[PDB]
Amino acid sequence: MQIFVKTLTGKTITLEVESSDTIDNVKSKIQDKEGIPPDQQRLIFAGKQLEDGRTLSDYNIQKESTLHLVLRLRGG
């Protein structure tokens, strides 16, 4: 299936995945596309931050779901 990853700068990434896939996996597909190491990636979906152990099923991620890749900022 396809899912979408929207970044905090408005970029849209498309991914080919399976709900059996791990978050670890998804992070590495994101690494392939954007060059961002997995340990720097914050993915959120439907009120939860996705964690390394789990699967796409564990967060209930359907086809054409959008996940958000977000950041923390240093200004203040």
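Residue numbers count along the first chain shown, from 1. Throughout, rigid core stands for the largest set of C-alpha atoms superposing within 1.5 Å between the two forms. Compared with the form deposited in another entry:
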Second form
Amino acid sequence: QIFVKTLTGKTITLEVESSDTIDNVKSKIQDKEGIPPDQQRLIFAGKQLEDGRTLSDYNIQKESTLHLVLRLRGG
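Requested next: the structure of the form deposited in another entry (the form deposited in one PDB entry having been shown above).
Next up is only this chain, free of partner chains and other molecules.
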């Protein structure tokens, strides 16, 4: 159980596990919000997260608040 502040400013809760991947976290966010994972970027205390990793890779303790900022890509 962790929290993430959405783009609308609201705070949602996610049924997750430290084993689950960042991408699966975003899939749960898509189920809650609708923003597809390709259009997602998550910050934690001033640094971003990689999709291929899991929650344990960033040693995120349960019931932590994450900031969801909109991803933006460019070539």
